[PDB]
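Presented below, as structure tokens, is a lone chain in the form deposited in one PDB entry.
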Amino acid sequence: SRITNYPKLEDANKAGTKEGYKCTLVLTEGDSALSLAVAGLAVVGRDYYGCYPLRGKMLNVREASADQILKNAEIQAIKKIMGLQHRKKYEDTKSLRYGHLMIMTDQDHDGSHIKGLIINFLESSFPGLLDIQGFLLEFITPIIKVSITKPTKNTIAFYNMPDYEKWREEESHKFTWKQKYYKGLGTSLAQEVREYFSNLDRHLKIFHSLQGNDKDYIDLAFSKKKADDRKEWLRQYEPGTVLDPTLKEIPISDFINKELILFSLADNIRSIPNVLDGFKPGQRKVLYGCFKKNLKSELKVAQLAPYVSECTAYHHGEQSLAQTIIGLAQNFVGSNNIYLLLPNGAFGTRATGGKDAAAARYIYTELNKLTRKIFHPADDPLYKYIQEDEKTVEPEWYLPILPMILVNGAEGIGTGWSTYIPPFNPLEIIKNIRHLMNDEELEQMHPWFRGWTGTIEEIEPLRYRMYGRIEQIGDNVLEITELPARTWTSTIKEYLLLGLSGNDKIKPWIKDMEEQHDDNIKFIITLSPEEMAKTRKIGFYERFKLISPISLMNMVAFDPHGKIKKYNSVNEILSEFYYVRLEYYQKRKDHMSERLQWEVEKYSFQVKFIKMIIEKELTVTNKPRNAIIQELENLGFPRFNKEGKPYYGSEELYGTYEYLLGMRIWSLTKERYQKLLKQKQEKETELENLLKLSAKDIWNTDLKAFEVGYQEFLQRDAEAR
């Protein structure tokens, strides 16, 4: 018998027929993987192999209602292809269209997550299915491939970070070699693909049937009721605890504690921001990219996203990055207190909370002039730029001149952990920073929203109420002029529309409603005298949904050292920023003075070079470079590398005399010579001015520059609304 319901399924020729137990179904993550699976069939044969693509992140079936499951076509499609049913407990794979299930995911953290979900699903929906030994299979591929180029030539495949790392430290210096990030599982030149299948047993790893503590670990990971435990579970994890590359047997308990946990750690890394710059990695890559490029002139979002992605080794879908760019540019009330990117187009409105944004090919963005005032360029050299794909990318964190995480706040959902931080007032933030600068007590700050005209009152510490504005403008007529921040116009619209026309469950309580919004919120509502009175008993704000809470009880972020931390007060966050920022200011000036000192050396020796040539003390025309090089070092001329570091001793390590001989013949003309002397004098003065400052002096200079910049920003934002 043949199936009909599913097109994309390549059904094993002997599926569910007397041979169904032998047959294997390969579940692929995405069509790229699927393409590889189907290509594999041409090698291993159709008779005993089939494949069906998993659409995306699979539904977690524990914590899901029978109707939500039943509604899920993916899970159903699997149950039909595998001839699966719930009933009793599974004793033998005999009942099924297939006797084996293989999981082809892309060999990244999200791949592991998919595996965990498939496992979770099987263990939960089917009693006694995973007990069958050798039922659940895994198809695996290398992580990084290395090529040995100038010595003895062989290629090394590395299945994890630790193995590639131990080799990198203990073997890589002995060869000339490259590291390639592995791609696809549905990329590799298909002809190598034929080799994976030819000897596939090596790429196949089997999941050991359920054993003690395997069912418990599955629940720990996927049970909606155990978020707190997961938090602890991640604290326990020990770096370098990774599953053994060569075992051929995987116990579920450590698939979860050695592979799934890896995704979880990565989940929080991308979903929860760092306390110092208030960025999630995706956002930080966007800003880095905008710094790399000169994003003073605008380009479109659909173009910016791939450009950032390419230059920051972003390995996820560009669509995710596009939305993030849009997120950084949004300027409607309730979004960004300060947007670092300019919304040049339909970047979404307050009506739907940005969801009404146009697609990326329509909108454009550039840097906000203010952004560089916040993220000072002089600090760039100080950061620790992450090394990825045999290449350098964005820093671990930026260090704005004020804690931007407090300016804009943040929202995220990870694993075990979650986060909410409300926006605050840049002015108040700068006030406290000044207090700290002066050993003064901090003022307490309260959530603050750019362009918002409601009221916010504190009830308990870490708890606030947020009010819109409702006014009685006539006998029987109310007017709404403000909503709680983060309450979208459409939400209240649907609500009023409900009262106006009533409902199956609820009687209408509104006579008429009109919308007169301008650059503001204007709901004109009419109530029958009967409803007016009723509304008074209930409360006008209560009954029109003009009250929202703000919780500061879940303010989570990574600390300076990359450790997830829960902060119990806003000032704690500010204080932790302040001291790292203070440290990096002294650090910035020490770096600048060093750099400036080298420049004065470079200018001085260039001047000596030209002066000597003019004075006819030195001749270069002819005199083969080797013999010119000796003269230079004999005269005390240091070499310079590309960073601009001097060498006086006698490669990038040593430097060159290119800073002299690489000068343009133009440089020998008096007008050039004069300009060179001016530049050197300018550099010496820069050095003299620099030394005359303290860390706090410099910070303070940046702060005032920003304040001025911020004032204009506020004006432009009011002018554009």
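Positions refer to the first chain, counted from 1. For clarity, a rigid core is taken as the largest C-alpha set superposing within 1.5 Å between two forms. First, how it differs from the form deposited in another entry.
- Of the residues 507, 537, 89, 153, just one CA atom moves 2 angstroms or more between these two forms under rigid-core superposition; it belongs to 153.
- If you fit the rigid core between these two forms, you'll see the Cα of residue 171 move by 2 angstroms or more.
- For residue 182, a C-alpha deviation of 2 angstroms or more is recorded between these two forms after rigid-core alignment.
If the one shown is the form deposited in one PDB entry, what is the structure of the form deposited in another entry?
One chain, no partners, no other molecules: that is all that follows.
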């Protein structure tokens, strides 16, 4: 008997047949994975192998209504292809279309989450299913394919971050090599795939049947009731703890604690921002790229996203990066207090919360002139730029002149941990910064939204109410001129439209409604004298959904040391930022002076070089460079490397005399020599002025420069709305 319902299904020839227990079903992650699976069929035969693609992250069958599960075509597709049912407890795979189930995921963190979801799905749906030894299978592929180029040619395959990281630190320096990041399951070429299958028993591992504490760890990972537990489960995790590679048998208990947990950690990392710059890895990459390129002139989002992705080693779909770019630009009421990128297009409106934005290919963006005032360029050389893909990418964090996290706030959903942080008035933030500066007591801050005209009151510490505005403009006629921030027009629109035409369960309570929105909100509502009184008893704000709460009881973020932390007060966040920022201001000056001193040396020896040649004391014309090099050292000339660091001792380590002989012949002309002297003089002056400033003098300098730019920003923003 054959299946019909599912076309993409490459059903094994002997599936469901007397050899069902022998057949294996390969569940792929995506069609990129599927392509590989069907390509492997040409090697292992269709008789005992079949494959079916999983569309997306799988449904979590825990805490799901039988209706939701039944509605999920994906889950139903598997039950039908495997010939699976609930009743009783599985004893043998004899009653099934297939006798084995193999999981083919990218082998990335999200791929691990897919596996866990499948496992969770099998363990939950089908009692005794995972009891059967050798039922669940896992196909694995390499994470990093290293290629040794110059020294002794051999390719290495690492199946996890740690293995490759222990090599990268303890072996890599000994070779000239290149690392390719093997994501997809859809890119791998066939020349090295036909080998994957010729010897698959090593690319094949088997999940050990359920043992003690296996079911408990699954529940710990996928039980919608154990959020708090995971938090600790992540705290307990010890770096370096990782599954043995090539072992060929996996206990489920330590597949979760050694592989899946890796995803959870990465999940939080990307979903929850850092306290210092209020950025998530994605956002931080975008700005880094925008810094790398000169984004003073606009380019379309569909082009920026791939660009940023390429130069920051972004390992995830570009689509996810493009949306991030959109989110960073969006300038409607209820979105960023300060948008670091300009919405040069239909970047979405307040109506649907930016969801009505145009495709990335229609819109354009660029750096807000104020962005570089916030993230000062002089700080760039200070940060620690993450090493990834044998190549430097974005920093661990940026250090804004003011807590940006407080300016814009943040929201995210990871594993075990969650976050919310509302926006705050930058003017208040700078005020408290001046207070921290002046050894003064901080003033308490309340949530603030750019261009918003509603009112906010504090109920309890960490709790606020947010009111819109409803006014009676006529007998039986009300007018809504403002909604609670983050309350989109379409939400109230549908609600009003509901009361106007009534509903199956609720009787109509609205006589008429209109929309007259301009650069503001304007709902003109008409009520019968009967409803007017009824609304007075319920409250006009309460019955029109013009009241929304704001909770500061879940302000979570990574601290300066990369450790996830929950903040109990707004000032605590600002305080932790301040001291880290102050430290980097002194650190900024110390770096600038060092750099400036080097430049001065560079300029001075360049002048001496030209000067001597003009006297005719030194001659470069002819004379083997070997002989010229000796002359220079013997005259006291120091070598310079690409960074700009001098060497007086006698390669990047030592430097070269390229800063002299590398100059254009132009530099010998008097007009160039004069320009050179002016430059040297300007650098000496820069060094003198710098040494006359304290870390706070410099910080205060940036702050006032920001205040001036911020004022213009507020104008341009109010102008464009």
